[PDB]
Amino acid sequence: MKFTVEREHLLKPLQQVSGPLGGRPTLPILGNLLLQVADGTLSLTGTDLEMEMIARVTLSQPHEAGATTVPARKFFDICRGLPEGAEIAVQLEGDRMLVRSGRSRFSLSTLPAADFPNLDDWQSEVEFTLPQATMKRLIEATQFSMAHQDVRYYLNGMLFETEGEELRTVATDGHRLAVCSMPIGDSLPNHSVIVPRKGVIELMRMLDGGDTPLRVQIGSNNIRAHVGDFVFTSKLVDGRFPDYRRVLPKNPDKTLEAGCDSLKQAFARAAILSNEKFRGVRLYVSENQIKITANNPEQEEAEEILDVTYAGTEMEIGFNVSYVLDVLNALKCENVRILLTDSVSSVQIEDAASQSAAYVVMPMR
Amino acid sequence: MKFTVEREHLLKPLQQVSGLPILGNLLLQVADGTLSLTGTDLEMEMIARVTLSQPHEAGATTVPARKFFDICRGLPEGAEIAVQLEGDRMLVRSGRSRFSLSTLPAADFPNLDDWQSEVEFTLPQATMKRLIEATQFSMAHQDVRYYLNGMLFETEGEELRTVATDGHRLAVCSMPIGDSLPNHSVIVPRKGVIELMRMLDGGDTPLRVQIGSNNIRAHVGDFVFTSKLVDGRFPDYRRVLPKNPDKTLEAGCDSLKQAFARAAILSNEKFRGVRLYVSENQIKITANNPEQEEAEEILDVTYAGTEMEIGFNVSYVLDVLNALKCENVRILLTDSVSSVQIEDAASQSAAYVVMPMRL
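From first to last, the protein sequence lines stand for chains A and B.
Residues in the first sequence are numbered from 1 upward in steps of one, following this note's numbering.
Residues in the second sequence are numbered from 1001 upward in steps of one, following this note's numbering.
Wrong hints could be hidden among the right ones.
Here chain B is said to cover these stretches of chain A; the calculated rule only asks that three of the stretch's residues, wherever they fall, bring their Cβ under 8 Å from a Cβ of chain B [as the list claims (entries may be wrong)]:
(1) 71-83
(2) 102-116
(3) 260-269
(4) 291-302
Here are the computed distance ranges between Cβ atoms for each label pair [unchecked claim]:
(5) A:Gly174 x B:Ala1079: 33 to 41 Å
(6) A:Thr212 x B:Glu1269: 36 to 44 Å
(7) A:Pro20 x B:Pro1055: 54 to 62 Å
(8) A:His148 x B:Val1144: 38 to 46 Å
List time: in silico DSS-like cross-link candidates among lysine-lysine, alpha-carbon distance up to 27 Å [what the hints assert, rightly or not]:
(9) B:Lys1012 x B:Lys1002
(10) A:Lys12 x A:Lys198
(11) A:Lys291 x A:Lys254
(12) B:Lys1284 x A:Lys2
(13) B:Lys1257 x A:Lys12
(14) A:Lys291 x A:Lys277
(15) B:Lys1012 x B:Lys1129
(16) A:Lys264 x A:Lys136
(17) B:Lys1012 x A:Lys264
By construction, these hints were calculated from the structure, which means they are not laboratory data.
Beta carbons are placed, not taken as given, at the ideal position from N, Cα and C, and that holds for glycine.
Just chain A, same shape as in the assembly:
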């Protein structure tokens, strides 16, 4: 293996295949990057066991075929550390890989290419192609509601559900829920799969909001995403995801509407004097006003009052302020509509102007 490639052309791909954390990986090879030369193409591959990213770059200069693995982070830093404009001459020499540029010489350790795991050896069953914007909309709309280190491992992921013309995402930690749907334009067979946390994070990192369409392939145990010269593949979590339609409020008698930003700032201010552990906040509902209250064990008190329009009977409801905030921060719109039934039941939250995303939050006290 021998290639010579300009520094800024090699730097972008290396970034794209870079691991989220170089540190703390028990398996030695997982810390390495697989370099492979074929006719006119250099392929850089990074991987943990769960997922794998592959970047391809066309070689305009002399090259010779071969493959090897070298420590990814060291290799990245050496290229980054080289001056703007540099030509990087890589060459395999037995045990070592050599990197040469200007008057700088580097000798790296290797592990053999054939011990490098291949997590992209499966057959796709369903394929669709959509704009990056739409996948980004779906992931951002729900990602915050994913569980963290929950014993029901499937909750730690996000559900991608195709249903006819729509692609739907669902995330839920069991105390709250997010669901988002967007039409994708070609009718698909009904199919739902669970993508793990790190997969969702990587899938978001791909999407630059470019004009390049995103090609998505789904297998029975794996999922692959194409954007331009970059391919991302990940394993699928195996679990029985909970039905989102069961968690949505059955019959919500009362409806409350207000400005998202004003409601957010008011919740945020009250949250300062909420119990640091449980973050409970009381919501007092009146026909023309909502009163937000918070106190802590030291009996410090917060009180906000806003002008809202609300058709229903008056009531008190207890909420975790953080969950509401996560929801209001996710909406980023003009007006929010809250649907409530009673003090002991769940409450739906949504943008008043769009039905495409819904949020369900559990009550307190």
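Could you slot chain B onto chain A? The hints should help.
Only chain B this time, still in chain A's reference frame:
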């Protein structure tokens, strides 16, 4: 105590004073036309003063600093904040937002400001900032020789000098001041140096500094900073500087830095060993690790002396080069087992000493 003050006028001071129970609180005090906000810890106490253009009533109390700051920050741009003491509680009102905070009584709030100055001098913020930035990185961190964890401020005639050093390396910086003072050296602790840096906005407002036998105070505008000093015999910087360095090497700071940084990647992660071969108008930099990965850099420099190999921890050199931020560096070398001085080629005001390594 009652005051009403515009949000953006209260926000800057609160920031300035930000930093067991009562130490978490902020002391608010009203006098004729003035609100004083004080933040403190058993080491350093710092004060902000703001003039009140609106109705007020005198009094004092303490309230949790962080909560009080967040409530003001959290209020909308342009807001009028009405504070009022009500028995056990302090009340904060703006628009239809209302907050009741816990208090602890003003008279339990510790005071670190009662002491007599012995030496007073005034200088520009730029100069103090130059002195602190030039050496701060060389301060020790959590060392058992506790005095090393600080920085030395030494007055010597017409100059103010800072020195920072761990056992391994050293930084010294000197900057002239207008009035000749008596010889005096004191050790400001880590958190003091950090706060002193925080004060300096690079404004035209002169900085007034007062030194007592066990404390130091700094005045900039309406902001006052005071800290305990560290007790200890700080080592003599003049003993560590190379005595008579025959060999002098000159290089471009940035090129030397990037080359040392690239080699450092394949240095031993624990000891950071790096070898420097110096020869006629050239340096060769070398590094290897336990896995026998190797790095090698060569640069055009200017060097006329005898040829030698010398080794140093690369972090220490990089830290120095990163601190210099200049066009060219002069390195003063004596031999392979001796320490080496580093300085900006264009200014003698800051010197850096780094020891050798037998690889």
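Taking the hints in turn, this is what the structure says about them:
1. Here the segment 71-83 of chain A counts 6 residues with a CB under 8 Å from a CB of chain B, which clears the bar of 3, and the coverage holds.
2. Check result for the segment 102-116 of chain A against chain B: holds, 7 residues qualifying (beta carbon to beta carbon below 8 Å, three or more required).
3. For the segment 260-269 of chain A, the stated coverage by chain B holds: 4 residues have a C-beta nearer than 8 Å to a C-beta of that chain, and at least 3 were required.
4. With 5 residues having a Cβ less than 8 Å from any Cβ of chain B, the segment 291-302 of chain A passes the three-residue criterion, so the hint holds.
5. Take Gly174 (chain A) and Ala1079 (chain B): their Cβ atoms lie about 39 Å apart, and the range 33 to 41 Å holds.
6. Restraint check, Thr212 (chain A) to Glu1269 (chain B): a C-beta distance of roughly 40 Å satisfies the suggested window 36 to 44 Å.
7. A hinted range of 54 to 62 Å holds for the C-beta pair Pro20 (chain A) and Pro1055 (chain B), which are about 56 Å apart.
8. In this structure the supplied range 38 to 46 Å holds for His148 (chain A) paired with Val1144 (chain B), their Cβ-Cβ distance being about 40 Å.
9. For a cut-off of 27 Å, the pair hint linking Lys1012 (chain B) to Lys1002 (chain B) stands: about 20 Å separates their Cα positions.
10. A C-alpha spacing of about 21 Å is found between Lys12 (chain A) and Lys198 (chain A), which places the hinted pair at or below 27 Å, so the restraint holds.
11. Taken as a hint, the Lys291 (chain A) and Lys254 (chain A) pair is honoured in the structure, with Cα atoms around 16 Å apart against an allowance of 27 Å.
12. The straight-line distance between the Cα atoms of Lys1284 (chain B) and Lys2 (chain A) is roughly 26 Å, inside the 27 Å bound, and the hint therefore holds.
13. For the suggested pair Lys1257 (chain B) and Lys12 (chain A), the alpha carbons sit about 24 Å apart, so the restraint of at most 27 Å is met.
14. For the hint linking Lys291 (chain A) to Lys277 (chain A), the alpha-carbon distance of about 22 Å falls within 27 Å, and the restraint holds.
15. For the proposed pair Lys1012 (chain B) and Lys1129 (chain B), the alpha carbon gap of about 20 Å is at most 27 Å, so the pair holds.
16. Between the alpha carbons of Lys264 (chain A) and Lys136 (chain A) the distance comes to roughly 23 Å, so the proposed pair stays at or under 27 Å and holds.
17. Distance check on the hinted pair: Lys1012 (chain B) and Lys264 (chain A) sit about 24 Å apart at the alpha-carbon level, within 27 Å; holds.
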